[PDB]
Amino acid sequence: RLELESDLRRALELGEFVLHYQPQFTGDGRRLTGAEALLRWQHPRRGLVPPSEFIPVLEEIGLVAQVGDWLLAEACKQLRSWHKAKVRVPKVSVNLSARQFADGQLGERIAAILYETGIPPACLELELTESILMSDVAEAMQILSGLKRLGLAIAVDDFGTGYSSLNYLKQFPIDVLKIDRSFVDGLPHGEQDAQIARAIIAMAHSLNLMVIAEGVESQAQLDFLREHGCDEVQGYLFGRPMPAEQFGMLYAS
């Protein structure tokens, strides 16, 4: 564990971390709506190290927040670079941890990044799990309002899987609900999943939110989500997360 710890300290200072991008599509899977930025790690000898191996130790040593801030900046730089090359990726999505969300420096750091890269602020979408917002609703309301002044978009991740409240969900300045993997995998024949998925979609639409389903791995899941009006979709059905070079080349036109 001190072995892995040493390499991870080394990785952030030597710049061995890299971002890979998962494409997001309209619910018929026909056109690109965005890209989700994911932390990866190019080891010198080992090559690409599995996220399930290095991400948990990162959390265990408190580098999660700091690597996360680097990723946010790199994602925005990347999107800016794509936009200048006329590769119109309408947005980039980045996950925020509870730690980053609660950080007093969050709004200022994001403000700085937006100023340095010059991207349209609505092209940046922060993804926050439901429980982060629901743990402290009044503080979440303060923070989210701050972030929304920057002009960015907010997605609520793992919607419906924990406690929530319709009352506050409507009061949160959010834009998007994400349907977690576990509600997509049983589609289209698993009752529990077809109903909860339908319900998330209808709710998002009732609140003027967009909805995106993650974990779309089969044509049949895609058919269900398409016919029931899910706005966007992502998953292995469309390929794997890829490095910026390859992503940029693929979706250039």
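Take the two forms, superpose them, and find the largest set of C-alpha atoms that agree within 1.5 Å; that set is the rigid core. Residue numbers count along the first chain shown, from 1. Compared with the form deposited in another entry:
Relative to the superposed core, residue 189 undergoes a C-alpha shift smaller than 2 Å between these two forms. Residue displacement note: residue 138 has its CA displaced by under 2 Å between these two forms (rigid core superposed). In this overlay on the rigid core, residue 166 has a C-alpha that sits 2 Å or more away from its partner position between these two forms.
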Given for the second form:
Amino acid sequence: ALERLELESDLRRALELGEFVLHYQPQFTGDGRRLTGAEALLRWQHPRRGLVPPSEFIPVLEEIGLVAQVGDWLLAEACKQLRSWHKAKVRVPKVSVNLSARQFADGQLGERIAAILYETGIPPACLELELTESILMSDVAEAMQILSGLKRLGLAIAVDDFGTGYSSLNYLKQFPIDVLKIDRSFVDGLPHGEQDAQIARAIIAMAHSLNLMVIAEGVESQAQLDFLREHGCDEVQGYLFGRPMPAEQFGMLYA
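Same protein, different form: I have the form deposited in one PDB entry, so give me the form deposited in another entry.
Since only the chain itself is given, any partners or molecules it might have are not part of what comes next.
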């Protein structure tokens, strides 16, 4: 009740007070061998609560519609960061950012993205936008148009949290997208969980039959990685390769 109010009130000032910060988690080729990108993740550096769990604040941000605004701040921040990195010879090939439903439905999104690209001058293909399937499904016809508007900018699109099973996977073919994520909840079952392993292989084979790139998230063990590599998963991310870390340390570490 009260605790809810503090949170909300805190969140409202947070942006203005520059309390939000980006952390970056590395992504690698399926071997484990080379860096393919960084995923930029929203964090909250609160002066008295410390670093605030995303699970606690993201929801509340979207319970008051601030989420789109912060999202747009984040996209911009990551593009800018990738520019700084690139001109500092830190060779991060691309940055991936999540999009909320509100941002996707925003007519001016895409306009902002062209502006941010122009400002920072980074190549379009160095930006990858990540959507859930549910965002696409609320209105498929509209998704088609909005996506085509984005793809025309030369950027890349990844989709996560999608139905598994031949059909839903197959129907993704109609969208102009580049990447499918394998959810961590299927990866933590690998290699010996029967269903989790079937689903992963299903996602990989289907993605490839659609000409999409596949990235596994939540990769923690060599066992998981093995399974994924031998079934030809394209990219990989998670504890095994590195946690989301501040820009400076990602900068130093991957320099």
